[PDB]
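Student: One letter stands for each residue in the lines below.
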Amino acid sequence: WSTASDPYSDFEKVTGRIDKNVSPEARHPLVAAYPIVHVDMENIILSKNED
Amino acid sequence: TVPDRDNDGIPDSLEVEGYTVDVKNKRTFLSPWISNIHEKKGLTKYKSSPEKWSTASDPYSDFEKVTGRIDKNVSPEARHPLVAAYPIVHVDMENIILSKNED
Amino acid sequence: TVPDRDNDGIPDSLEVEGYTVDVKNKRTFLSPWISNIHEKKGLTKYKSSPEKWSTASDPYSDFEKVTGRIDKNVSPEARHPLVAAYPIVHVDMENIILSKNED
Amino acid sequence: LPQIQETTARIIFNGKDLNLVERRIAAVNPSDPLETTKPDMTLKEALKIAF
Amino acid sequence: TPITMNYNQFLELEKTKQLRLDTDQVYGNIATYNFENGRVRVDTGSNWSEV
Amino acid sequence: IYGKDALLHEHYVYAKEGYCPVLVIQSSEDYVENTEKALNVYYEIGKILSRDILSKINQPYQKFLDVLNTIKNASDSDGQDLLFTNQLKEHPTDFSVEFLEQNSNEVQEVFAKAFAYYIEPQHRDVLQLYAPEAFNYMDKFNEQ
Ligand SMILES: [Ca+2]
Ligand SMILES: [Ca+2]
Ligand SMILES: [Ca+2]
Ligand SMILES: [Ca+2]
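Chains as they are written, first to last, in the authors' numbering: chain A, 226 to 276; chain B, 174 to 276; chain C, 174 to 276; chain D, 481 to 531; chain E, 430 to 480; chain F, 107 to 250.
Honestly, the hints are just simulated from the structure, not real lab data. Please note: incorrect hints may appear among the correct ones.
What the hints assert, rightly or not - Derived pair list, reagent style DSS-like, types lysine-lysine, alpha-carbon separation capped at 27 Å: (1) C:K273 <-> B:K273; (2) B:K220 <-> A:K245; (3) C:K218 <-> F:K195; (4) C:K213 <-> F:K143; (5) E:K446 <-> B:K213.
Stated by the list, open to error - In silico negatives: residues of chain B with every beta carbon more than 12 Å from chain F: (6) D177; (7) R200; (8) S204; (9) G215; (10) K220; (11) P232; (12) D244; (13) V247; (14) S248; (15) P249; (16) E250; (17) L255; (18) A257; (19) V262.
We put the beta carbon where it would ideally sit given N, CA and C, even for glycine.
Sequences and hints are given; from them, build the entire structure.
Tutor: Set out below in structure tokens:
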């Protein structure tokens, strides 16, 4: 039903009845569509709990 | 049985070729574009997708948008099917209140 | 089969052309308007939308409002279908109590 | 409530003991095809049925 | 619990008086028309985030 | 939960190109169906109903007068102005509906009114209030 096993059918991927935020090069059925998420840390804030 | 692939209650050839909602009586009737009659009335010719239930992809059908069976808070210029209807919300800050937690 | 597009249990031509509700013995009968069989009784001629289940868009049908099968706390002048029925709530403040959190 | 506010005419009247009485009466918006399906409302009929 | 600010940020705020406010994302739902009774009803499940 | 607009009258094309165009379809729209037309029909049914050359099998009192007198009874003892409208006022007695001279004035209106009483499903809902008193008359018409 999904040849790339992503949660989108072959027919949805070739038809266009899909979440449009999918990249166009992922609209081919043999191309997987998946997020890659990683978190960066810009800044630290430490507070000394001293009364 | 006339086809409507977009399943939005309005057939496909009308969405392709042009149509208009003109009420001869109190009841509302949707029908194909005729330039002899509807142009003299000032009715706006409408075209939309035969395969999109919502051609602008907003959560409102083409038929609801041309019929008026919609949330009436939608702006009138958004009642055209090729015009999207969506909120734009941003927050402004009028005032700060800081309290020094000193005992 | 008589049409009722608004699906409010009352047909479309009656809502257009005028109608009334009248009891005969102990039973409510939805008549169309006759000026020689009603006006004498003082019955009020009613008109409403053939395509609105609630012509005033309040959460009460046209038929419930003319029949009486409604929340009875609705005011009697709101029992007409072209009259909206809605609450207006605002809060007044009678008194302040401040307590100084001082130990 | 916004469905009622955008489809009706609002009339405020204070002849009953100087108290502001508000009534909303369904009236036709010409640019809305579903809203035009209502029967026409004159002002005198509205004042008769509302007050 | 109310918002907390430590000491150095408090000093920097009372010096610079620069405190800005950003709107990252907005949650909110759609109400859709019902063909049954004409009443536009809120689907609490769907949100504009989808749309 | 259902089909939207099952009329499917879209396939039909309307011509009549030119000034003062008039369109007439089996569906009936524009000048076809309106409240004014219904009001005009009400005037038409009440007096001298049917402008056609010939109508139904019965305009005579030989077979249609005894039935009308028999049917002229009200269990509720009401039907005032509701029946013989514009009859130089409802007769308190009229000696049980058997006199013609200075009375044939409303006989034509009464026979025309009878056709109006049971014409189409709508009128039946109105005539549904009459319940048994009218039904008896309606049953004879149905048997024909
Ligand atoms: Ca369509
Ligand atoms: Ca469409
Ligand atoms: Ca109705
Ligand atoms: Ca209605």
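Student: Checking a non-interface call: every C-beta of chain F should be farther than 12 Å from the C-beta of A257 of chain B. Is that right?
Tutor: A257 of chain B clear of chain F: closest Cβ-Cβ about 23 Å, beyond 12 Å.
Student: Report holds if the minimum CB distance from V262 of chain B to chain F is greater than 12 Å, and violated otherwise.
Tutor: Answer for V262 of chain B: holds, closest chain F Cβ roughly 33 Å.
Student: Are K213 of chain C and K143 of chain F close enough, with their CA atoms no more than 27 Å apart?
Tutor: Judged against 27 Å, a Cα distance of about 24 Å means the pair holds.
Student: If you draw a straight line from the CA of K218 of chain C to the CA of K195 of chain F, is it 27 Å or shorter?
Tutor: The hint holds at about 25 Å.
Student: Beyond 12 Å from every chain F Cβ: check whether that's true for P249 of chain B.
Tutor: holds, 24 Å
Student: Closest CB-CB distance from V247 of chain B to chain F, is it above 12 Å?
Tutor: holds, 20 Å
Student: Holds or violated: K446 of chain E with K213 of chain B, Cα cutoff 27 Å?
Tutor: violated, 63 Å
Student: Is the straight-line distance between the alpha-carbon of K273 of chain C and that of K273 of chain B 27 Å or less?
Tutor: Cα-Cα ~18 Å, so holds.
Student: Can we trust that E250 of chain B is non-interface, i.e. its beta-carbon lies farther than 12 Å from all of chain F?
Tutor: holds, 26 Å
Student: Confirm or reject the statement that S204 of chain B sits farther than 12 Å, beta carbon to beta carbon, from all of chain F.
Tutor: Incorrect as stated: the minimum Cβ-Cβ distance to chain F is 6 Å, not above 12 Å.
Student: Hey, is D244 of chain B genuinely clear of chain F, shortest beta carbon separation above 12 Å?
Tutor: Holds, since 19 Å exceeds 12 Å.
Student: Please confirm whether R200 of chain B is truly not at the interface, meaning its C-beta sits more than 12 Å away from all C-beta atoms of chain F.
Tutor: violated, 9 Å
Hint check: violations occur at hints 5, 6, 7, 8; the rest are consistent with the structure.
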